[PDB]
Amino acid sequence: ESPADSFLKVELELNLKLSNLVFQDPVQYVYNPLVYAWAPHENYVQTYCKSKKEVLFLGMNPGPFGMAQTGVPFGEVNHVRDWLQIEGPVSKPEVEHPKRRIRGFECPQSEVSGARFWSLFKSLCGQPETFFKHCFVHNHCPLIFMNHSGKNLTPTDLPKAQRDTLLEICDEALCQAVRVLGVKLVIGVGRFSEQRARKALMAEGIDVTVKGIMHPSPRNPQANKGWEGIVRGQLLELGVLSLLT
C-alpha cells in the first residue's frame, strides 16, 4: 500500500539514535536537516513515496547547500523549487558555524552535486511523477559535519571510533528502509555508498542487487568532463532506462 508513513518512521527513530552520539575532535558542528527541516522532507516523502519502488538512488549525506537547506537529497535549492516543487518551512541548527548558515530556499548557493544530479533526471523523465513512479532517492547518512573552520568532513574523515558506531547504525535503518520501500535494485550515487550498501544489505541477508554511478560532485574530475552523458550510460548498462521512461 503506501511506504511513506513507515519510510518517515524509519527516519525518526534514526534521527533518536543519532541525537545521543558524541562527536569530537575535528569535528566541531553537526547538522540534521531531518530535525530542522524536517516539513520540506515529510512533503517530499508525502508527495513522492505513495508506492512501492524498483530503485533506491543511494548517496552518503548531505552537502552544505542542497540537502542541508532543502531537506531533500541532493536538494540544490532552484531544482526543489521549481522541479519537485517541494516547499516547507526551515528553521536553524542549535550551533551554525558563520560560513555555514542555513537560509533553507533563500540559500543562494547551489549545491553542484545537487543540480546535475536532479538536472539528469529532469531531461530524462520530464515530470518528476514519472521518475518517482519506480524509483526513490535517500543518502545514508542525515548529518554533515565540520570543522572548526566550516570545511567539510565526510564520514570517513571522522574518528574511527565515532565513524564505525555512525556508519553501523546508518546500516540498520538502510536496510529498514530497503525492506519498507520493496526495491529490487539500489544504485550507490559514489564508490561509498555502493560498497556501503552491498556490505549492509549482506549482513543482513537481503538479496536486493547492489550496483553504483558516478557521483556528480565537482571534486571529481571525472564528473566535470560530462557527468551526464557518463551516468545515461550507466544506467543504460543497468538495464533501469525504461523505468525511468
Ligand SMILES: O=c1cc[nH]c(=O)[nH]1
Second form
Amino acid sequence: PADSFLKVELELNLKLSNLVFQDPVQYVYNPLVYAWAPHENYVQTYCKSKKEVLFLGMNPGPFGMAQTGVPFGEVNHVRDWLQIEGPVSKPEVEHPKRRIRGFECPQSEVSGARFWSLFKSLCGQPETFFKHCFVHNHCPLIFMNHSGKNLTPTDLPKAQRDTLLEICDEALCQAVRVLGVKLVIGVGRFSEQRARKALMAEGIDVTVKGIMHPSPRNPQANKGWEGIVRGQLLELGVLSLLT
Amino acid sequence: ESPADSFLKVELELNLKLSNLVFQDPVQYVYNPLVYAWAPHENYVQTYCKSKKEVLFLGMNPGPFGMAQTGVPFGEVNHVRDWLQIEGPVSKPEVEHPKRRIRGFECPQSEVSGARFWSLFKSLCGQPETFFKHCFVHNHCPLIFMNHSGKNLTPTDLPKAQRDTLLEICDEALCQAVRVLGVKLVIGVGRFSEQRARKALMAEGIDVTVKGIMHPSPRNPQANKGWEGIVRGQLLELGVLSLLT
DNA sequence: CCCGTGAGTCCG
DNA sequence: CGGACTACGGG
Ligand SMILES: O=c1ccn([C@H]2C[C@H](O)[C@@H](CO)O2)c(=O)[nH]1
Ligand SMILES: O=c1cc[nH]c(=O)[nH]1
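Now that we've seen the form solved without the named molecule, could you pull up the form solved in complex with the named molecule?
Up next: the whole complex, starting with the chain shown before.
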C-alpha cells in the first residue's frame, strides 16, 4: 500500500493545485510539495502492509506537519521517536511570520507533541504503533490570512470549503480502500464527522469512530487529554492492537 | 446570404465589451458560457443560422442548468443533445461556486424553463430544421451572476450603475443581431426581454415589431399549470404558427 | 477545538 | 396566512 497510498496523495495534490483561494485566504502551503521527501520517508517506513486502523486528522498545523511533512508532525517527536528527517524546501509564497524552516523550526506543535507522546508511552517503539495503524490527514493544505493567522478548513468561507472538502473526501475513500482499513478514528469531531459521511456515501466497508482533538485551542484538551484519550481508545478496543 | 459568421462576431464583439466590466457587492461570481461553452455554441449557430430569419425569440440571460452548461439558449441538456443534436466540449469558468459547477453535457439536472421551451417547439415542428427555417433564439445578456452563496442574480437584481452599462451594451449588440439576422419580428420570452427589446430597437430607430410570450419559468404559477397551452394560443394570435408548419 | 444558537435558501 | 438543512462568538 505504500506506493498506492502515495499515488493517491499525488493525485490529490494535482486536483488541489488547480483550486483558487481568496478573500481572507492569502497564503496556502502544501507540505506534500515542499516537504515531499520526509513525507515519503514516513510513508515508506511506516506503511509497509495493509492497516486495520487509520487515525485521521483535519489538516497541518503551522509548526508540525507544515514543517516536517508528517501528520501531527511535531519536530522533536518526528526526529527522535519516528526517526524521519529529509530535506525540506519552501512554499513559493511565504507569509513573513510563517516561514518554513523544516526540521529547524524552533516552535513545538502542541497538538503533535501530545499525539505522538501518547503513542510513544503506549507503544514503546514506532513499529509497534505502526504494526496495524497509520495516521493521515483529511486535508494536506494549510491556510493563512493577511496577518499569518491559521484558518482551518472550518474557518474557510463555505464557497471555498465545499470545493476543497469534496476533493479530499474522494481521496479519503481511495486511501481507505488501498490501506484495507477497517477502522477510521477521526481526531476531533470535524474529521470524525467528515470521514463518516464520506465513507458511508461510497458504502465502503469500514467503521468510523472518534477521539478528542489534542489542540490547545480545545479547552477540554488542556486537562488530561492523554487520560481522556487513553479511555476512549480502551472503549474502541484499540489498546489491544497497540501492545 | 448566411448570417452565422456575423452573428458570432456580434457575440464575440459583445464578449469583448463585457470582459471590461467590474461587478460588485452582491455579485460574487460571473460566468460567461460564450467563453467556456463556445464550441457547442458555435456548433448551434452554424447548424441553425445558415439563412436569414423572420422571427427572433429572445430571453434575458442563461439559466444555471441550461445555457450555462450547454452554451445553447434555453439550453436544457436533454433537448439540446437529443433534439437539436448539438454536442461540443465544455470547459469550466475561472472561478466556480461549488453549488454551481459546470458539468456541460454531463449536467444531471433538467432545466425546467429550457425543457419547456424546446419541448413546445419539438411538438409543434417535429424536427429542428422546421423550427429554424424562419426562427432563431438568442439572449439579451450572455452572462450569469451569482451572489456569495451561489444564488442566481438576474441582470435586473444588479446595483444600478453596473445594471445600466451592462444593459446598454447588450441593447447595442441586440440591435446588430437583429440587423444581421434580418428579422421582421422579435418575441421577448417573459416581460423583461419584451420590454427591453422594444426600448432597445425603438431607440435606434429600427423598423421591427416586438411582441411577447409568457416565460416558462417554474417560479411563475401560471406557467406551472399550462405554459404550453398558454404559449400555443399566444403564438396563434401573433400569426407565427404558419411559419412553424 | 467543540458546541449552541440561529439566519439564508429551497421547497421546479 | 412552516420544515429541513446547514456563521460565529464564548467556554
Ligand atoms: O393559529 C395559528 C395560525 C397561524 N399561525 C402562523 C403560522 C402560519 O404560517 C400563518 C398563518 O397560516 O401564521 C400561527 O402561528 N398560529
Ligand atoms: O497534522 C495535524 C496537526 C494538527 N491537527 C490535525 O488535525 N492534524
